[PDB]
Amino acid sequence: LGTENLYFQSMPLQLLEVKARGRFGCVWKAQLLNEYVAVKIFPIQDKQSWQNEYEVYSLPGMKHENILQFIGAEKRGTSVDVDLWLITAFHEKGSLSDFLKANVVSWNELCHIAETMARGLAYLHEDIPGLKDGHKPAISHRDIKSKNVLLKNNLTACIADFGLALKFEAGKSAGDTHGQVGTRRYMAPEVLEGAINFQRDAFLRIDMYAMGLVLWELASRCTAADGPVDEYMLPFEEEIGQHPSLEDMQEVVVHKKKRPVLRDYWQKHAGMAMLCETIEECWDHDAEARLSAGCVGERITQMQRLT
């Protein structure tokens, strides 16, 4: 019906349909040449996030099976009417959040999602000298959550949305976060308490806490439970609902030291029991006690091996 195209790097593109996301941005499913892609469009007010994600994707070694594939970024329009675009791969199965809303997962489905997710995050967090494009720094994501995990057609996970991500150079202290913070629900207690001047290992432990919560989401919709699988709920939603204040979260996580419920009947299955243990270690109130992404990946391999 439409013979008119937009153009990106001289290639024709058509917009198909939109989905909302953070900072009043949006993401379109689009067709670039003969493939579907995702075109993220940021208002000029969220230029910082656009620039940050572009910079992150421009770091050495940022191409990985478990990292949402970057296609390109540009400023579009006039001096006065500016749009910011960042294009990535499109995944028809969407985010793990939307997936879990509509589907339960078998034990083997759960392990594959967990393992590929942990791999992506372990790789993000890893400092790697010696790449052809340079030295990859450790990178903290800073907004880990099921909505920022996308699923490929075989349920392979990839980590998405680097608008808040922060690199660390062995040379210096942690750089400018520009006052931007993550999704309240998934914030570690020390973030909720307003502890400041975090350094590398602290940012990584913040991601691992949020990752614990995502692993809980998987567990909560897994058929390996020896019992019913309830309808999907977000972490802490049972306790503080779908739209909590910072004060709601502080009360529930810092003050009451509470976490999403790990049911005993989830632990008959030997794998699940081990999953539950891993979750508990990831979301420990003590950041220093939390498991690294690499260690979590190993744990997931073990659960599988035993089953």
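Numbering follows the first chain given and starts at 1. If you superpose the two forms and keep the largest set of C-alpha atoms that fall within 1.5 Å, you have the rigid core. First, how it differs from the form deposited in another entry.
- The residue among 196, 131, 102, 229 whose Cα moves by 2 angstroms or more between the two forms, once the core is superposed, is 196.
- Once the cores line up, the CA of residue 22 ends up 2 angstroms or more apart between the two forms.
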The other form holds:
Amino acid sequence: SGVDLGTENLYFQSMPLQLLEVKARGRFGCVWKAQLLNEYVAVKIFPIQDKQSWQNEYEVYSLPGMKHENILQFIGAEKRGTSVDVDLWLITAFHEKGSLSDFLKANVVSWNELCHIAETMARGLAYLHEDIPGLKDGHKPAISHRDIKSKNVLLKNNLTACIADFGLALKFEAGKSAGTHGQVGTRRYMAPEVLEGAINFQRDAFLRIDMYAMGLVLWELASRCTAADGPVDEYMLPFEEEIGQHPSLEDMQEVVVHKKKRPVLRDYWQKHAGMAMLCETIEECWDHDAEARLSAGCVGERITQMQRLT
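Since we've got the form deposited in one PDB entry here, give me the form deposited in another entry too.
Just this one chain is shown here; partners and other molecules are left out.
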């Protein structure tokens, strides 16, 4: 996998590397499609002012157990150049289909494709969320992502989803509370309690915040799904219909908190038994009541259930 034009190359671990083109813009850096030896890889390049996000992501990837089919594969990380011109790189697998966001813009999904992407995404988030003692490399902590959105879910060639971008991720050692405000993520996906600015610095509070955002990603999937053979409109961001592409904090507060509104679950989706069950699941994920939200693992099983629905 890779063309061979014969020009100047760089090295990574003594292996030829070349940058191809910018593929995406992360929150903290630029994602390049690149060629390393004979494979395509993604080189995420962080400016020096985002050194802490580079460090955070490297640290997260260095935690016990952080290798999984539904977590974007880490290849390496390196502080390069000089202390006056610092190059901060993090290299991962590259996936040609890119983000679920880009995919859904250009493509629709059948019922069974939606189920595959949904289940795999859910399993990746559940694994990220899971506290896992007894690994050969140590004790994996529960990890909150803190910016779950369709831009941060990548699709492999057969539409298997994986979770990407751990620049904001925060691990939790235990279940005890520690006192916070937490508007670090993407505004349109922020849960009501986040938009109000008043949250519990506790593991479950942070996991429930991710689960609200994942409910919105599942709505995105439903919005572009051909199940039951109805009309499918052009891809829209969650809340774009209600408050546009660049909402203020105030707009989000009005729609999400005061009006308790969510993206529309279309009436004709209730006629397909699988979609109806998806709709129920999404509703539990985005509940105003954080304690009412489903866990990532629960969602995994709902999807398996609905995929096997009869």
